[PDB]
Each structure stands twice: as structure tokens, then as C-alpha cells.
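> Residue-level listing of the chains:
Protein chains: 2
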Amino acid sequence: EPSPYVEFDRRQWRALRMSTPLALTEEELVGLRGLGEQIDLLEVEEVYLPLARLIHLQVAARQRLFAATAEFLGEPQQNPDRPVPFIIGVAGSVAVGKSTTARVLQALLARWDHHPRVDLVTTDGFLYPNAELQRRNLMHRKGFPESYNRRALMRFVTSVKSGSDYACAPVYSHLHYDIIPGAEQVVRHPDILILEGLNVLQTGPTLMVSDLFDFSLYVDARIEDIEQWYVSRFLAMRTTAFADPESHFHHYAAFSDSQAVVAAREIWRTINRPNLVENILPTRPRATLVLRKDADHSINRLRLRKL
Amino acid sequence: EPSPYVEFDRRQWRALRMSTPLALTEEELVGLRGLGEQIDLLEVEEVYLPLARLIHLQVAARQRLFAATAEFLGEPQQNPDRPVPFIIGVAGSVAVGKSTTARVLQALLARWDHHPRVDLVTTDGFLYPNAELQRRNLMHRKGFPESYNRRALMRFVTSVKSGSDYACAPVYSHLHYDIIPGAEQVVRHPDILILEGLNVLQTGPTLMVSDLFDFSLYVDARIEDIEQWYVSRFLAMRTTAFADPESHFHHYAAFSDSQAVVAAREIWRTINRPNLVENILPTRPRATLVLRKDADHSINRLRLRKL
Ligand SMILES: Nc1ncnc2c1ncn2[C@@H]1O[C@H](COP(=O)(O)OP(=O)(O)O)[C@@H](O)[C@H]1O
Ligand SMILES: Nc1ncnc2c1ncn2[C@@H]1O[C@H](COP(=O)(O)OP(=O)(O)O)[C@@H](O)[C@H]1O
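Chains A and B, in that order, give the protein sequences.
Residues in the first sequence are numbered from 6 upward in steps of one, following full-length UniProt numbering.
Residues in the second sequence are numbered from 6 upward in steps of one, following full-length UniProt numbering.
Think of the hints as simulated: they come from the structure by calculation, not from any bench.
Just so it is clear, CB atoms sit at the ideal spot from N, CA and C, and this is done for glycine as well.
Among the clues, some could well be false.
Stated by the list, open to error - Capping the alpha-carbon separation at 25 Å, the derived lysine to any residue pairs in SDA-like fashion look like this:
no., chain 1, residue 1, chain 2, residue 2
1, B, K311, A, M242
2, A, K147, A, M242
3, B, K311, A, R193
4, B, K311, A, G168
5, B, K311, A, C173
6, A, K311, B, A65
7, A, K311, B, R155
8, B, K311, A, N154
9, B, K147, B, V99
10, B, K147, B, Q264
11, A, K311, B, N84
12, A, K311, B, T163
Unchecked claim - Computed far set for chain A versus chain B, every beta-carbon distance over 12 Å:
no., residue
13, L37
14, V99
15, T208
16, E251
17, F254
As the list claims (entries may be wrong) - Now the in silico label distances, taken between C-beta atoms and shown as ranges:
no., chain 1, residue 1, chain 2, residue 2, range
18, A, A28, B, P210, 35 to 43 Å
19, B, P121, A, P7, 18 to 26 Å
20, B, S237, A, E229, 54 to 62 Å
21, A, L180, B, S169, 49 to 57 Å
22, A, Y171, B, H179, 54 to 62 Å
Based on the sequences and whatever the hints tell you, model everything.
The following block contains the structure:
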């Protein structure tokens, strides 16, 4: 049976790296890694390089696509000092590693000849303020489609891929568990925009942000494993993030391994799991590339969309 | 506010025709026109030519896209005696003109230097047999997403765009209002495949046929007008299609203008309208191009997806 997909194992995927140079150090990789993530330079070599490659092969092949339409419209022939931004989406569950995969990818792509302006934006800042969520009875649905100002998010990405000089996005504080008043992330006509979020790959009755993606990644892993990663990380934050008195979850810092496991599991059970199952996972089929990780966090398989 | 779209009026759209030659006659155009459709060579000049153009500009620009991926995969460099088929979807309501728009488009594209194999397939043949519909209680939902073997449809298009030598699709009889036993439409590695259907542009929890489209058309028009076209055509068929004794609707042939209007309106009210509103119209936002028709069936406006 023919397929739109083609899968790989790490063995065969790494062979597609070719001369693709490794331009990241260990000190560097580290400041990109998130708590609990196991990524090392090796993985960046056998997985992220063949990927950085693919992406570059398509950045050019994609500019052709907006050209034709421009040629068709008898329009000028756009200056390469400002071509059409290449949008990349990185999706996946809470605690799966999106943040790291996205951070690393941006590091690699920025370190490409010419030094392309590679901006990274998370959908966090597009969450409705806690006050607005309290108003809609969603304080326990943070992460669900409805907890996002999807209208603003679309306005943002649209603005950037449509050639705007600069666009603004709100900023989210993980420390305060809310949107930061008066804060803004400014994106000035980047060459590449990486949008990271749980939702990003979603589709609906209206043109959405996933409809503006030129390439997209979906970081996958077995669900019982993501819960483990999730819980585990929760316990580990008692001494990192939760340790801070200014933290909205400072009260978890004192929990015992036992109590902490209980609380972690309940959040997983009542928020992140349902969301993963009802909204995220059903978007995986549309991902250009899927990075499958084993219980140890290692990416040992991949599924590519050839069609 | 920036937009992914750009609109036109017929004035400005026609200017994008350029040297694009008209290779269709009046005798020809006619055998492509459906009952009630008003299309003439003029419309084919000021609307369908600028379109045939756009499409050609992108057929090339799109082959680049599968190349890059092929180059990336260290794969051969595919023979132009069999490149990757360009898929085009034509969507819209019952009685809006899809069939004609699709037929005409195919005629124009086949009459392009080199004479590219341009196949046209309607999703009609992918409806479940009346018996299977009776089994599922859907005999009054013909046209709704669930009344289609969407699995087979996906298998079909996937097979064709994935380079298969030939793929088969069932055939639907409008005379018998059901699937024809043992009938098959065979498609052999066409250069272009046009898939026409109400549903085609749909999206969901699984990779769908709309995810394989390289370009897509959505024939639009005001809903009160489509009902008029629908009813009107219903009355007109009393002496054409319904006149045949072998017709599943031969009993409508004897209705009076009055009774016929009543029956036509009830079908519209209970089947086609709800479907248009709940399933088709919500897909219009994703269409590469939208052909807006006025009450007189004339296409006087267009909305193009530049992003
Ligand atoms: N409560 C928290 N306080 C501070 N930082 C957090 C908190 N929760 C998650 N983070 C960090 O912010 C990011 C959240 O990632 P998550 O939202 O878990 O998606 P993913 O792990 O796939 O990137 C990660 O860097 C995570 O370590
Ligand atoms: N009951 C019928 N019997 C025979 N032909 C029909 C019947 N209903 C529709 N047709 C024809 O088959 C096609 C049906 O088109 P429809 O399904 O109405 O979509 P559209 O008009 O947009 O192409 C048109 O050619 C129409 O004229």
C-alpha cells in the first residue's frame, strides 16, 4: 500500500547528513537543553543535521512557490534582502521536548552561511491572561485550544509571513504562571520563524496558523513515557523553579516525593493527558516530520511526509 | 491588516491572462456546460485563462518541492516521463457549477503544449452503495462526509500522487442514483489530477485528500442563489433526466411547477443546505482560489491565497 510517509531508523536517517557541518559546542548545546532532556552532540549529528539539511533544501524550493504567484501577478521580483519568511511549526505534548528541539533547530539554522535571522516564538504568550481565563472558567484548561487568543496568534504569524517590518507577540511568565504586563517580543522580518506550541498543528473552520507553515515538526513519544517525564520533572522542580519564593508553585517545593507524585499525576490526568489525546495527537498525521523518542528521550525513529 | 488573501474583480483578474491562448470552441465549451450554467467563451477568456496560467506557473514551481526532498534523500532524479502528479481540488455546493468549472479547467490544461494527461475524477463514485447507506441510516445524507468511503478515496488519490501506474475508482450512476456494479474509472499516472467534490477540501484527525492538493478551487455563490439554481434545475430536469423511465426520479417528471418547487425546496432544506452550511462552507477559507458567482451565474469576483 503506497504511503504519503516514509519512515526511518536512526541508522538510515544519519546517512542523510552528508557534509552538513556541526557548528555547536557542548557548552552551547547545554544552554539549549531543558531540564530532563538528554540531548548530546551525537544526537545533534545523527538527527538534527540531516534535518537542518532537508529544511535548507526546501527553503529555496519554497521561495520558488511564492515567486510563481508573484510572476503570475505581474508583480516586481522581490528583493532577497527580504524574501518570504519560512515558517516552521514544532508541536507535541507538554514535557516532550518541543522547547529543546526548537531551540536547537534555531541555533543550527542561524549558523548557516549568511547568518539568516532565525526567530523563535512560543504560543505561551498567546494564552489569555489568568484573569481572562478565570472569566471563561478555563483556569484548568491552560493548553487547550480555547485557552489561546488564536485570533491574535494568527494575526501575528500572518503579519510576519506577509512581509511586515516587525510584529509583536505578548510574553508569558512561567515564574508567575501568567502573561507579563507590557511585555512584548518583537520580530523584524526574520528569514525563518519557528513557532513552538502544543496546538500549532491544529486545523479548523478558519484559516489557521498551521496553514501558514512551510515545514513542521511533531516531537512524539509513548504516552506513558511522557507522563513519566512529566512527573519526574515535576519532582525535580521542587529545587529549581519551585524553590523560588516568587514562584506561583512555591508551595510544591515542600511536597514529599510521594505527595509530589500524587499532585503531578492529577494534573497530568486532568489536564495535559486529555489535551494530548483530544487535541495534539490528532494533529500528528499532518506533521512534515515526526521525531519519535524512546523512554530514554532518545530519538530513534522518524516518519517523513514525502507527500 | 495584512491578509493571506488578495481579491479581485473581473476587470483586474482578466489582465493576468497575457498571451495565454484560447484553444476552445463554442461547440466544445457547450459539451462541457451543465444544465443551467451560463458560461461562454468570454468568461473562459477573462477568468479561466488567467487561472490556467497561474496553475502552469505553479506546476513547475511545485515539482521543485518534491525534488528538494528527493535530492535530500539521495534518491535518483525522477524521469519527466513520470513526474509527481499535480493534484487539484474543486469544491463547492450542489448546483454551484463545480462540474462545469472542473470540466472546462481540464479541457484547457490538456490543451497545453506537450498535451499533458489531465484526468478528472468526481467523488461521486466514492459514495457508499445505497444498500450500505440504508444499512447506516444515511440514505438522506448523501453528500455528507459520512456518506463517503473516505478511506478508499484517500487510498485512490494517494496511490496516484505516489506514482502508481494506474489506480481504480468506482463509478456512480446519476440515472440510477447509485454505484454501478463492476464499473471502474482507471487513471494511469496522469500529469494532472482534478478531484471534484462537495467534501474534497475537508480536514480532520487523519491525513486527508485535501492534504494532497497542490492547488484548489472553491466555486462560491450566495446561498439563496444556489437554492434558486438548485430548484430551477430540479424543475428543468422533468423533461431531461427525469423524463427517462429508467430514472430513479422518473416520478418527479409529472410534478407541476408548484409541486416540483415544493419537493425541490424540501430536499434543499433537509439535505443540501445543512451540508453546505455545516461541512462545505467551513472549508472555503483553505481554497487556493475562490470563484464568486453572481445570481446570474457569472464569476465577477475572486479571492486568491497568496499565503
Ligand atoms: N512550572 C514551570 N516553571 C518554570 N519553568 C517551567 C515550568 N514548567 C515548564 N517549564 C519549562 O518551560 C518549558 C515548558 O515545556 P513544556 O511546556 O513542558 O513543553 P516541552 O517540554 O516539550 O518544551 C520547558 O523549558 C520547561 O522546562
Ligand atoms: N438527478 C440527476 N440526474 C441526472 N443528472 C444530474 C442529477 N443531478 C445532478 N445531475 C448532473 O450531474 C452533475 C451534478 O452536479 P451537482 O452534483 O449539482 O454539482 P455541480 O452542479 O456544482 O457540478 C451536474 O452535471 C448535474 O447537472
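> Taking the earlier hints as the rules, which of them does this structure contradict?
Result: hints 1 and 15 break, sorted rising.
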